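This document opens with one chain alone, in structure tokens, the form deposited without nicotinamide-adenine-dinucleotide.
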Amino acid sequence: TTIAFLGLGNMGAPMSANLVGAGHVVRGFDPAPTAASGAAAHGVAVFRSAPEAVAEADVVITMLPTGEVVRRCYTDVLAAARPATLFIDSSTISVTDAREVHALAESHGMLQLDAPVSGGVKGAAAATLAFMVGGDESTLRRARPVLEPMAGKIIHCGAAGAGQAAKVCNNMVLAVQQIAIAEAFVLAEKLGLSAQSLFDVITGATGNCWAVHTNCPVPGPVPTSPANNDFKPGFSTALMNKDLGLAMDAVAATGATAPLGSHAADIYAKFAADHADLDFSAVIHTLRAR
């Protein structure tokens, strides 16, 4: 299989190197020369423009920063692709944007999936990413051997846009949970309940969740958690803030009532003005700001 990989950033570059390593011919494009060079060093043939990269591809993967860039990339390459090329957008963009680009691609006789990922750069490099896929089951079947070498998990979430929707919904819950856990540790401390005691209880009770059992925002109970390493990401506040912005778009587009997710979004937006580079669990230290 020949794959065109459009977007060779911090996620795209390690993903594309895993495809090289699984025996695919990978053609690439990125507007940053350093990204492009790095990718060429691990075997991607890099082209000066995206339509050139796409020209001989059986599969086109995009990993790009916004829906607007993804849409422009599609309109800039679709005429250059061969018929029934499989497009896979692994960017995290709105559900609306995803559905729009899916329909665009399919009106060209392409096959298209949304397949955004969780796991970050670390997962990208380790080939453990979780792909949450929207689109046709038979198209996912076709894509599977491409996704496998990048992936620890591949979940079909439903029709086009369901992958984006599933990720944004999970991440909105996660943000709420990370703040809630932080509130609980600070309350405990003021009540004279040790961090280890609270951790032992919550993890054995109804309140347990990854935000505590793995991302514990106080040092000690989980030695590997960011709190023990100066809140080095992990999962940055910048990225969490980005996902919550997409959750707020989805809430506005649907008229949904999401009082705690929206509150969480306000909290992280504000925290990202100061500490975008720290793991999102570091929110525990911004609660006195309100």
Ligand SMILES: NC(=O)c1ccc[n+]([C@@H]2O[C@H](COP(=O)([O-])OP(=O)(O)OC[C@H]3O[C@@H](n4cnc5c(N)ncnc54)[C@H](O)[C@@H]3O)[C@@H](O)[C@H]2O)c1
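The term rigid core refers to the maximal set of C-alpha atoms that superpose within 1.5 Å between the two forms. Residue numbers count along the first chain shown, from 1. Only residues modelled in both forms are compared. First, how it differs from the form solved in complex with nicotinamide-adenine-dinucleotide.
- Look at the core-aligned forms between these two forms and you find a single run of 3 or more residues with C-alpha shifts of 2 angstroms or more, at 287-289.
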The other form holds:
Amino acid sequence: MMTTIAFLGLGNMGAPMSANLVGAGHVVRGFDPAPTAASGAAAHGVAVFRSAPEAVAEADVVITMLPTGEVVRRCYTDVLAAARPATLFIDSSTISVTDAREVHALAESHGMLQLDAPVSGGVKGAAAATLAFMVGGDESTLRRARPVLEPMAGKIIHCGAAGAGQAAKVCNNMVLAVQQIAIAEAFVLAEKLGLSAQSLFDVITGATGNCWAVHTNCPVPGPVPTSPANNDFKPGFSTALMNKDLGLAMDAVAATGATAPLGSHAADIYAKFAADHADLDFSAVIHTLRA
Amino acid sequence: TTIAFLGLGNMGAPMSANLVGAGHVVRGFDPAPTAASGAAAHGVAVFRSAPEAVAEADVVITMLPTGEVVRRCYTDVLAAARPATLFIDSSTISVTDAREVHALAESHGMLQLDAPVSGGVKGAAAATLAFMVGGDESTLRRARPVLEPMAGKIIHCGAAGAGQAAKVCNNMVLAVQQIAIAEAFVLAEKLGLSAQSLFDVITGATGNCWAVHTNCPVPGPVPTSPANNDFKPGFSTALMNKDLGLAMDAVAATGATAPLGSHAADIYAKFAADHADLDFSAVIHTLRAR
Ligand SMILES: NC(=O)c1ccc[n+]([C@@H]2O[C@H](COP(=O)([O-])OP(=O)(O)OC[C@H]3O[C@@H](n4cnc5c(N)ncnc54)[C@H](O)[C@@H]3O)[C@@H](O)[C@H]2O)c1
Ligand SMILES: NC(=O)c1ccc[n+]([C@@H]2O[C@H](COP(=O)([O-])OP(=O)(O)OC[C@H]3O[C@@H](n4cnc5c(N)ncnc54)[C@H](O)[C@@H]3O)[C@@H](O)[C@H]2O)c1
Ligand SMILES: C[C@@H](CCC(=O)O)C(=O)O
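Previous: the form deposited without nicotinamide-adenine-dinucleotide; requested now: the form solved in complex with nicotinamide-adenine-dinucleotide:
Then the entire complex follows, led off by the chain already shown.
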């Protein structure tokens, strides 16, 4: 065994992430207050503990993979004094840039190294060890973190100072939401103009409007058989998750005083769509555009 | 092949020169003397009226500003044309006007394509224009030898109107992507994320598109992008505003819902009132107006 890693949050992402660490030869000290999550992690080789302070107590690294910034803040407030001095904390939760910098500052005030390393790839990315880690913090701290991150990761990219990981991801996902609606709008307009879906696909994908939202995640069935449109809009990337990321994008915009017209319009659209269609893929927003 | 070329402006001139360069007999007409003179300089036999230029032609190409002008041109010249003369409209006009002129042309025993272009004056001179073609496939096959000399890319979009539909749908997406990318870069700046960091991430992730990887609206990440060169077009706000207007005509006509597309249209219409002469990526610096 190489490093002793505490993992806090063994959910849909945390469990397959923790399993890959166990496979790579690490001792993984898990905690999750949902007992079903803890059991599933235990089955794949994680040492499950009674409380989060117990898990972090004998750990060289501490990964958190949690729902929100409020949960990360409270987790940190609980566990930081329990951890040994100069333990490496890695938050791979998707939280706000304001929260990330608060919890980063908190971790350093307790004498701990701290990175924000939010991920893209979903549960499939998590299990196959192909997640993109977008890291913020010190360059030396990331260098120390790499042997832990590499067995979970397809790509590791340093974004800047603390919170830059969260900033990088939330800017990209804001763009992605806008693209996904914009592509849906185009396909529906083509439909009404008598332009075939296959033809619009071939044009856009060979021209300047090409992007992942069309080439991989095509919102009409046919042109890309692997896309969610061909499987009843089963995620994939859920509307619930995109709505959450767009909430954090709107938080970032509100915090900075920025102006993002189309990003905010996309946030308003997905917020309404999430109310009734949270369980569908975010490409399904196309359904709002048909009378 | 003898070719009538009607509209010898910024696009029509270099296109016609390329056809002369490929061994075609190009007959021309433009109501601007400077346009006609400069066309005559590179081998086009200019004529005093459009019906005159059309008379001895196997093919008739229009590169004109609007649908009203293409419609009027067609009615001025269709009687002067021989039967089975191939008409190609490379003007960018609405899908409604495109299908109207197609029907009108084929009623006179002509073969007609809509075939608008992407690539600008740069692509027109270099002969790398992307023709997106609506019409019959056998009519496109006949058109290929004429199109090849002006084109780097030729794509059959469908029946009459599909060419105009395909272009306007893609450029609507482009306008939205260009603004979305510009929002991402100023949000990143205010969050203390460098331009180069944001560029590296987005270009290797789901958000990647031409609007960032080639037309990056901040200077540095892509040295050749207009942002590094006082926002010299490139692809102007004036022309993007022109293409979005046509998208809104299409949305109005079909009764389509296109909120982001329509929002991009409003932004660029307002932006074109101040900065029509700048590249459409310059929209980044008019965001604080909203
Ligand atoms: N699933 C995806 O598609 C996806 C993709 C990218 C990013 N993310 C992000 O990853 C994060 C987690 O995602 P998930 O799908 O695993 O969420 P999840 O709800 O499945 O898992 C979160 C887990 O954290 C546990 N938890 C709560 N408080 C805790 C504490 N104090 N200590 C230890 N554990 C605690 C919960 O019981 C739960 O099991 C989220 O922030 C999400 O935005 C998810
Ligand atoms: N310039 C570009 O970057 C570009 C790129 C792609 C497509 N387009 C499209 O191509 C079309 C024309 O582009 P342009 O840049 O050459 O415009 P332009 O204004 O430079 O040229 C149009 C020419 O047509 C002439 N004209 C007007 N009425 C006429 C008639 N009845 N018969 C013959 N000629 C007539 C005008 O005098 C003018 O010289 C437009 O619809 C535009 O949207 C332009
Ligand atoms: C558009 C056509 C011709 C290209 C060219 O002439 O360079 C082709 O690519 O097949």
